[PDB]
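One chain comes next, on its own, written out as structure tokens in the form deposited in one PDB entry.
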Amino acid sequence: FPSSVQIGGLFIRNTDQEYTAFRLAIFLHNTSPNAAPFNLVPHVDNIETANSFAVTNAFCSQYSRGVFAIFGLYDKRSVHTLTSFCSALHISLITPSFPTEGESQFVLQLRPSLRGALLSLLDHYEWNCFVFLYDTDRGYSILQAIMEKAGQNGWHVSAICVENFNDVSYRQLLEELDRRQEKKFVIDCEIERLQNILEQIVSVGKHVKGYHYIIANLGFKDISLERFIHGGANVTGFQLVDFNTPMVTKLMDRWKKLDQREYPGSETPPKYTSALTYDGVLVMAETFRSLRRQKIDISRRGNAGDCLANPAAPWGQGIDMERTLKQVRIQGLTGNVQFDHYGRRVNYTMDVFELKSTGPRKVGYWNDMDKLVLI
């Protein structure tokens, strides 16, 4: 089998730390002594503002260099082009980006859904009347789950899409929800928008005893929550990456010693997306390893490597690449990593964290099969 294995890396705007985590996972693999060995050789494009034109260029450039798989990120503007070219051409996508519920061939989604976790929490707290503040940046899957469970179980929901809100609109909205005696909230937003809302909640003085916030994010620990600690509003969230396992700790010993100029973003600990990104590299490694144990000499000679070729010429061995990827089962910074036939994370787990005066404390954890098991 060959000494190198060729992959794509496709990163978007504001992904320094993720790219750091990708470069490290590939460096340590390429220099590991651990006991059919190979070097991972990346071909990288960072496309700034992510849009279908830029994502097709990057893809086609990487498809023409002979990559067998592409580690890639997307947003709502590029997800469908990138998944659609991958599934057309039989190149697999390994991605930390937001999951979709429908409908994935050739796409391997490291990021687990927050849907199940989020709905079991609303049950436990017995939430009837609440506001759902959201944006469409990671799709509509959460919003549908919520408005269906409102209909199914007879709740009341104030569901507002906060995309394109300026800062008064938040205060104006929080004022109007003040007058309706609205105290309980689920917020489900992209991180930059979350931080802003949290500032706005504070300005209004709604960060105190009485008020409740469930934050649909996978890195509760990375949210700066000082004024809510003091104010005394009850705030709950999730945390995928469990720092006290020895696998994460081992990584953190390295991460702490990294040179900040080589590896920007290593000055703070890894966000859930950075941790997924390293896990992605470990999944690509395990998969090539298992293909060699299966005795399949995958290559992309002398296939044309033009992505707009008519007739479309899918990669014949792409099928085995895909099938093996979806059977992977290994441990990573995000805990046990495996997937189902449709490529989505399964048998995964994440901690539940509650904000108290001591700071954020683990009150339990949620696993997709066992559901919520409290402490």
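Each form is matched to the other, and the largest set of C-alpha atoms that superpose within 1.5 Å is called the rigid core. Residue numbers count along the first chain shown, from 1. Compared with the form deposited in another entry:
For the residues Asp242, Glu101, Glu199, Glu286, superposed on the rigid core between these two forms, a C-alpha shift of 2 angstroms or more shows up only at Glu101.
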Second form
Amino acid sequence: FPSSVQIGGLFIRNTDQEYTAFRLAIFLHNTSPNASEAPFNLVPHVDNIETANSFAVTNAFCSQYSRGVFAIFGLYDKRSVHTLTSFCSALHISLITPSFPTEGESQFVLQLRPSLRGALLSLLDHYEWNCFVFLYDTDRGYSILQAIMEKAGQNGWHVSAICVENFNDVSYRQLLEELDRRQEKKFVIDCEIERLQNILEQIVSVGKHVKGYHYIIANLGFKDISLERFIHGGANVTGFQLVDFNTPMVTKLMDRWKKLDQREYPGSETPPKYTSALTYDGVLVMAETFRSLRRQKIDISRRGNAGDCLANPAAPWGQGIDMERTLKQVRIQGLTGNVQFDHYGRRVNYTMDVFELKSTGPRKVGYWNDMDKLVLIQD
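After the form deposited in one PDB entry, can we look at the form deposited in another entry?
Chain only, nothing else included.
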């Protein structure tokens, strides 16, 4: 087994913090005082691309492929998910990603991000929502939209779905205005953080951040966002929190996170978002995987592969099958809790806290896990 293991790093636009987390995890691994933890070094070959279109991601993949990576830690969006996952499976180069889960690809894709679908639907039931509007964007695909619209159709919900991509201050006013005329009181928001911040501001500019309005934020990082105004406005706001900041592992990470040079490690100036936590865990998963391969006595090597992604015929890495099988057997504790997978490479046996906004600030009102579903606190 090699003393150095080559892995790919494929990051896209506005993922500075995630890359900072990637770098920290790798540093902590390579400088570990524990020979058992680090019998090999991780040598990342990284592309940080700002466009993230399909052509550029394909070129990045092929560049990493020719540099002989055994696996790729990679992010994608709607525009690149298909090429990246397709090239990975075709060539048996395992993809480890913190990006939105995707059912299509079923081999060579390990999806660190657990599904929010069940939790979100369970929540809507508990609250007995029947008429609400769904504000959203499509950067992370259409799964949540489809899940909501299907649940709505089977339950006689009157849901008004509205895409807010490319809305300006005017679009919103009009949007928030009409909304005002219909007297919409309940909302589910599913957007990128940047867009989320903006919508929330608009709602506050509108004065619908007061009681009694209710907002459910459909993401895994309730605490990643500033809700000060809503805490003061008095509106209901519910969300999910995958990362538990009151645990030793997260605490220890935070201890180091706060000491990072914010100029050299952009994104360290704020606490890690859930995507950054997922990225850190991804490195933990890869480290465990290579330790396992080593125990299995599988001397991973890509010699003497041509290194050409467009080679005809395609020449898939023969040891890729072992890598992929071993990845999915990983079961470790991470920033995002129990990290464990099914054969499709999807997270299973996981939990997330459910938070509500109270005067005192965010308060935990329960949790959701894939075995018990929604469990609220009660005396």
